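Colleague: Each chain, written out:
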Amino acid sequence: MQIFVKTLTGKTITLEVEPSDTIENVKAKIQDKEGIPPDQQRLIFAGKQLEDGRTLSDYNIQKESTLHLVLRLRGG
Amino acid sequence: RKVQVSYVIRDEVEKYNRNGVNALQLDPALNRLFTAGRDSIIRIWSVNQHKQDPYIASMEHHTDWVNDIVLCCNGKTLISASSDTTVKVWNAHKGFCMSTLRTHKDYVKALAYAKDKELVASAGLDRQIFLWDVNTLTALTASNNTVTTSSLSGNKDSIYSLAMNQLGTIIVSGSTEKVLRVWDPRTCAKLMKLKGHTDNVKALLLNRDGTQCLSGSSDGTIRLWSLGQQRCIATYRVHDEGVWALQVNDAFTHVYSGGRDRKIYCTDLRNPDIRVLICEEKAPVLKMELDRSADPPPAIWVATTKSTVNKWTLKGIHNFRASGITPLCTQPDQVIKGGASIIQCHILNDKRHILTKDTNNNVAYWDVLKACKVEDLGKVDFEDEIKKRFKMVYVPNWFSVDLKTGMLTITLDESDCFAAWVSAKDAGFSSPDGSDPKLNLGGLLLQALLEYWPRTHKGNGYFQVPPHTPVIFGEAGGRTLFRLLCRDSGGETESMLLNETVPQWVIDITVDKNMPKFXXXXXXXXXXXXXXXXXXXXXXXXXXXXXXXXXXXXXXXXXXXXXXXXXXXXXXXXXXXXXXXXXXXXXXXXXXXXXXXXXXXXXXXXXXX
Amino acid sequence: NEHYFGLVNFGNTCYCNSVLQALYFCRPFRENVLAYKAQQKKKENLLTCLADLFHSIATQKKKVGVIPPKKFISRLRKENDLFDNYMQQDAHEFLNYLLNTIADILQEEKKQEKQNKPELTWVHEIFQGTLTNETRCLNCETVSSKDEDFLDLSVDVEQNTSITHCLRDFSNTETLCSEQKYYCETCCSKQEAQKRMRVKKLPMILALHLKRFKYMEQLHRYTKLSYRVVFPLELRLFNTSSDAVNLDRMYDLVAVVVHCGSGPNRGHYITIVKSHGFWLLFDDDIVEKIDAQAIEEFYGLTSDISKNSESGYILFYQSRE
Ligand SMILES: [Zn+2]
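Residue numbers (full-length UniProt numbering), protein chains in the order written: chain G, 1 to 76; chain P, 13 to 336, 346 to 478, 502 to 576, 586 to 610, 620 to 671; chain S, 31 to 146, 162 to 366.
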């Protein structure tokens, strides 16, 4: 199935995924188009931050879903 | 850009269109019709009206949708535009490809043609338009040709329509920019930017002199434009949705239109009040072609989303215009038959078999690995059939599937092509009487696809692919590199091309035979209550049940047979808080244990009883 | 009966303190937290700790001072390995984790009150909105609609703009083309398409998270975006819905969590909040009144002429009541 990721510039990219695909894998696919390493990536969907150990089916992320890609601003 | 090997599961000959017609082109001299298919094949028909089968021939070089076709040089010389990003020139009489222009970078959506000046232009999602002299392409002389590619600049958005006037003095483009752009093809100079439309323009038409222009857009309106007045002169709202196809008579007074609402209408541009409902097609209209033998036109040819092409008679307009909405035709005078299109498909958990549903609602069972049909289940409930044929096994994805031709096209990529390693007996390949090895599906399939290629010398040893199976080699992003039939791998010039296009990642395995290793998996193992630090080295190729017997050897602190006895009472390697069958593969546990709301590292339960 | 107390920084926990402060001046959230504190389930988790902290702040004999969130932080570190360290962290990651954790606790409590289709907690009632994504295939034009919930909106930014503009570009139609073509189930092939995200259900509080970062593919690293992005004091939003009832609700800015620093790998968080008409600044243990005109300016730095860039990162808009 195809899902969407809204990147840093607001540009939308497409991803070909399966419900059994894990979040780390998804971040790897995002990395293929944008180049951002998965360890730096954060994905927000439906108001919740996605966990790398979980899969798309676990979060019930179906076709035409839009994921929000964000990074980090660290502070102390 | 990486390269992907793909193939089509089909018959030797696909006589009828398998996914509908995008564009039509009629030859009045020889009374021949040309249909451009979404199945990537152009077909020739005889419209004599009296023949049981009008099928003449089919032209198959394209690997994707054929968006437009143009019949030039006073009789027969077909030019085609395709979603494979290429433009192809064809000897229309003998029916073969001559040259392929790979100038376009994206789908090629439309073509315009200047009969007189014998000129032709091509545009697509490139946002670039290319002018070509038909005579220069058809040439076989090449006497200092130094082909100069002449492009047209200006288009901000993706072009969906193109039109050129007879004399070839004006050229206009339609796009998602809603605005139409005009130029002078002889000078390449920008003429104007006609603003007016609400949506995308999918059909453009120009008058003989190119003085006035007709346009159809997804906004539901037909717009008449004067290039003299340099602005719109009229707007006709005829359809209750997008208008995608237009044809005009020679008088340029009566406009023929159709689109989504499936209704076909003829409209008097002079007096818009006069509006005759020609017909209501069984699917949205994609393209139309008039019969110009007589004026007014006796019939109209209609291409839709369906594979069936129809002809509707327009002979009786005159009698209905004077007297007295009710449509003119109910049934077509002539029907070009269409095939079925596969619209739904399902890969079973064994990644070897495929279930499909088509436009006639026929369900069919397929074997990807042996590239063939196996059974026709008929109009059975597809989702129910899918459930019924469920196998509780896991096999990694090793191929992709596309249905944009209305036929099954399987595609292999460098990444996951080699990933599915299954036992032969499991794969139904019994080898009496030695043992069962762990075979790679993508490997075997690659070997079978290039079975006749001499560089790989034999076959794969297990199965054969249909010799007529087309084998396509192409860039993932778009551009097609080389298409040949399997059996043709033999030809010396063919083998020479395979040598030049086939990428390295395939060469490693088919010719050099350097078969890939596996990509191991591991999981935590400990007692669920008591016993007397890290996951052991393991593989999906392992029978999983045999690993539970190794756990019994630690309790002890010809032996291979004694370890099997431990399975009858001890071992008990349960997982995900449930009993685990010994016949189940280690890979299948990932589809049930970690898949059930848990991290990809679930510990294996263990107990003395 | 107002109080203004800062929070102790336990090394790199300013991101925590700042988010807690922003949330504290979100009255309906504070009120629901206090109501939660009153039931006293007496089991420890992040919500009970939060309730204890908010109750301590609200119920203090003096009006100004400093409070150490030791127990709250101890619980945060206990239940989450990720923040169980002394490293610098993202305020939004924390915000989202906290809201979802509390909401999950509440869901588990609704699930366990029935024990003796899905429901919604007050966290969702306060911060949750809903979007409708529409994708229109340019080949067959068959518009496909899909509803998706959100707890906050992450908006992309540009130089010298307003959050209202960013919000409008966000809701603008985007064309999916070339390498990003949409797979249409009617066309059974990848096609150019039009994508637009409109707000379907408006939340009580709109939290806006600014994507202040940029990845340099060629350099293999990302930078912080210190662009000038003006945020207005009030915002007007309109609703789509079923068009049976159509909203045109007004919001007021109540709090901004601000990230201070030249880069994305290090920095400092502070919070500005609106209370009884004036603005206050919370910097861990320090709280000060600041004049209203100065808050536009430093937040969204102009050019480069500013020390260790201090830019607005998370904004909280409160519906008028
Ligand atoms: Zn479509």
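Honestly, I wouldn't trust all of these hints.
Below are the DSSO-like pairs computed for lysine-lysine, each with C-alpha atoms no more than 27 Å apart in a straight line [stated by the list, open to error]:
id	chain 1	residue 1	chain 2	residue 2
1	S	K246	G	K33
2	S	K91	S	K71
3	G	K48	S	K93
4	P	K561	P	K502
5	G	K48	S	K91
6	S	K71	S	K100
7	P	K117	S	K226
8	S	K319	G	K63
9	S	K100	S	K319
10	P	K358	P	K412
11	P	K561	G	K63
12	G	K11	S	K319
13	P	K409	P	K446
Because the hints were derived from the structure by calculation, they are not lab data.
Colleague: Check each numbered hint against the structure and report the violated ones by number, ascending.
Modeller: 1, 3, 5, 8, 10, 11, 12
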